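Just the one chain here, laid out as structure tokens, in the form solved without this ligand.
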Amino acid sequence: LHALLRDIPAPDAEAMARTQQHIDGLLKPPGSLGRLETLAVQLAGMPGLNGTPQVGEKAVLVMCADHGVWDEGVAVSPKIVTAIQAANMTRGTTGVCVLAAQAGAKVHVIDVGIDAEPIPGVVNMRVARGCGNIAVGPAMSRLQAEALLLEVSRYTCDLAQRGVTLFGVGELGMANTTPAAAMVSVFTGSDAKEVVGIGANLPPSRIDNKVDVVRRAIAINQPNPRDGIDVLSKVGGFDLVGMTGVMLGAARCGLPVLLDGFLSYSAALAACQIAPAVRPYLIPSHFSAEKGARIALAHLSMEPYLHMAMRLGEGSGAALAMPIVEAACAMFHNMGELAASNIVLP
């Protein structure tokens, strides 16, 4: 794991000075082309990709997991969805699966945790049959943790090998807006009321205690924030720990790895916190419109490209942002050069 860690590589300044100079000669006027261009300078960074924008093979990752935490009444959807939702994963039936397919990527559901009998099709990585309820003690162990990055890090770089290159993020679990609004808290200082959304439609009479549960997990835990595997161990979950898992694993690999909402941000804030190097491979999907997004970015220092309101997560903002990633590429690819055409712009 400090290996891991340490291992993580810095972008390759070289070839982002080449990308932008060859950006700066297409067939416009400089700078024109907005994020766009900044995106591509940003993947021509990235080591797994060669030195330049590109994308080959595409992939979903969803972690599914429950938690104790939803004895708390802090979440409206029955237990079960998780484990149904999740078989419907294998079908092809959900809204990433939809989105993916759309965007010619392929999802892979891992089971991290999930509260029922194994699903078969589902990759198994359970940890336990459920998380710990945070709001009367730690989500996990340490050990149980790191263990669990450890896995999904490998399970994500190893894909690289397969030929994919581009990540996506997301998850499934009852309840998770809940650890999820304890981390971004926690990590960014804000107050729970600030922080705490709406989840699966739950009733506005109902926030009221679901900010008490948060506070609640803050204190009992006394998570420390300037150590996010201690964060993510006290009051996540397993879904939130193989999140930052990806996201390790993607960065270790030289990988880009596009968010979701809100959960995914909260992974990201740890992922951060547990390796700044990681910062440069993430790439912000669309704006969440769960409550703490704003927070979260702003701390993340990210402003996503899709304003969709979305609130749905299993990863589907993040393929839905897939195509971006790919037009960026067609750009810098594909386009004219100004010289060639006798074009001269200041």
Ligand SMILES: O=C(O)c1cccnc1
The other form holds:
Protein chains: 2
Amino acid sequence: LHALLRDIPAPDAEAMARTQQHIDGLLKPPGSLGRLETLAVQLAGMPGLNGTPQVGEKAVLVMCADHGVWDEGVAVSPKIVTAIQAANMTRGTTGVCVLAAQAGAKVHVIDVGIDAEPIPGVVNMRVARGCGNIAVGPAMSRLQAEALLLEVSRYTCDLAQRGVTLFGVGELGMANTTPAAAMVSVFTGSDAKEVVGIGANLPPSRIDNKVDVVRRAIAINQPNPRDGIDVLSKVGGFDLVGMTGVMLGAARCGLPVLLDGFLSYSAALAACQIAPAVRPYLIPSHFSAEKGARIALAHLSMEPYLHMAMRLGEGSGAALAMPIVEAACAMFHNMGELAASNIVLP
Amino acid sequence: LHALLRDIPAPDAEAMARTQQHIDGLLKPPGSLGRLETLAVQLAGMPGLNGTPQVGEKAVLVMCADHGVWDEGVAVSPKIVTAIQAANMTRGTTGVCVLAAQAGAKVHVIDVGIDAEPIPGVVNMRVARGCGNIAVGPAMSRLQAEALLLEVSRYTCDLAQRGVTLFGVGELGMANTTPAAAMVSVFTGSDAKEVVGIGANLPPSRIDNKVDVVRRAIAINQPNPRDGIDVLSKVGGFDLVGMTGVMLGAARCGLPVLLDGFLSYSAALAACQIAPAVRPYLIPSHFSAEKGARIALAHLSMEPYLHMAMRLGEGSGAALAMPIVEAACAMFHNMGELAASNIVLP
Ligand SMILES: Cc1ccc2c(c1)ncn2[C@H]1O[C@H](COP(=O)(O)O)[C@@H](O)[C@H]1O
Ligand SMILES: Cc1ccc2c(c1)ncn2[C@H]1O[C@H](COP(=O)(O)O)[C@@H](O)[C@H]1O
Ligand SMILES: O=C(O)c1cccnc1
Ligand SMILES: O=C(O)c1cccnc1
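Same protein, different condition: the form solved without this ligand was shown, now please give the form solved in complex with this ligand.
So here's everything in the complex, that chain up top.
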């Protein structure tokens, strides 16, 4: 793991410079394609991309797990929904599934800790049958967190070996917006009230309770904000850890990762805390409708491309943004050049 | 024309109600897909869509024309660029071309008034060799504006006959951000300084001049804000008129139109002024980096989905948003249902 972290490559400034120059020469006023140009340059700097903005195969990794904190009354979805939805993931009837197929991405469902019998067709990496209830103690042990980071990290990079060049992250886990808010609070130093949202339709009345649980989780565990692994283990969840692991793996592999929503922002904060070298590989997708979204994004210094008021999770926003990434590549490779038309601008 | 306007269909509330109910029953927390759900409902209300969110063939209509106001020093691109770029449109090397191909849309290049010899391969609807210089008089005659609206309107609806279900609008015309700012100022009652931008890289120093030209155009022509046709004819351009005409045609045809950037917002304001019934058919794409974008969008009461800091025009933003529209359809038609999984939420 320390190895893993040590070996994350820096971005290739040389490739980026060449990309910039090429973009500037395209059939358009310079800088006119805005963020699409910036994105293209970003991709070019990623070592696993072979010095150019390109997209081969696409995959969305969905990390599923249950949380003990569900017992605190923080979620209206029945616990079993995690197991059910996970199975549905295998049938392609879920939101991410439909969106991924639309983008031509393949969905990978990974069980990192669902509290139910194993689901056939789902990749098994189960840590335990749900994590500990963060309201009264830690979600898991440091060892447990580290091992999972390791395992997921490797799975991720292994996919790269098989042609995958673009990843998307997602999750599934009733009550998961609770540990997510906890992490956000800790990493950003914001008060719980500021970052706790309605998650999956939590009734406005039930909010106060959710805010109390978060505070309690923090007070009780005393997570160290300067130690991402500490935070994940104490007030996180298996799903959140899995997401952070995809991020670490893609970065080590020198490949891009599309973030999703609120849950993903949490994981991103952790990953960047653990390894700042991870940052350059991350790509925002959409602006989650979760209350704590703005605070979380500010801390990540990210401005998502999509404003859809989405709040489903599963990696749905990530799938939705994939065509944007492909568009930046298309721009890069298929547009004509000013010079060739004898067009001269100032 | 009055006929045309008279016959624009109202949206089908019945279809919309059925769509809403269907969406609510999908495998997800209700309302969780946010704007994607709203979009799907919007599409269902469009009569040419056959009571369901669906996308068949896609087309982007690009209206090209030159402007006399170019002579006022408001644009850094050489005048000939319009003619050149238009030809390039026929070769698929332009920004819209590349993006449209990515979305599987076909680009239609229409010459409504380029000041050059006719370009083979380009649809000919030329009004004149460039419009009048709005700084000293009107761009064209009312008759001229009306006829063009008519002609474009018809072309648009005719495409519908051939399978097109989704349109995108775009333009090409050096100096066009000038008449656009003029229209915006007039329709919204905002001062010129507030809505005049750098267009295609106009140097910050040269701005004042551009602001003066706009004021002059207005003072001199005295366009009537309550009369969209009056405004278009006086301080608009052939390209802007063409765009408004696509909007009127698609609406009459009961089909959706994706807006583009700043130029398109101008045209949208005019169309909505001319016929409010047009509104429900319009769909924002991206948030243009042009200074007057915010004011224009507010008046249209629209919140674009994409924040890409784009400012190229040509219908590039429109092409970029097409996959979003298709995504809403996919959601609608391919997701599974809560009931079927025995999932019960509150
Ligand atoms: C039927 C259903 C319900 C929720 C779902 C879902 C499908 N897909 C994602 N989520 C989202 O809701 C949960 C987080 O919200 P809270 O913390 O309020 O539970 C996670 O499962 C998240 O993926
Ligand atoms: C090479 C080139 C230049 C401009 C272009 C373009 C390609 N494609 C679109 N535009 C954009 O720039 C023009 C409006 O900006 P202004 O009012 O400053 O001229 C229009 O042609 C608009 O389509
Ligand atoms: O932003 C998300 O991804 C999200 C928000 C609420 C509930 N589930 C997921
Ligand atoms: O927003 C646009 O479409 C735009 C802005 C500047 C120059 N051309 C087009």
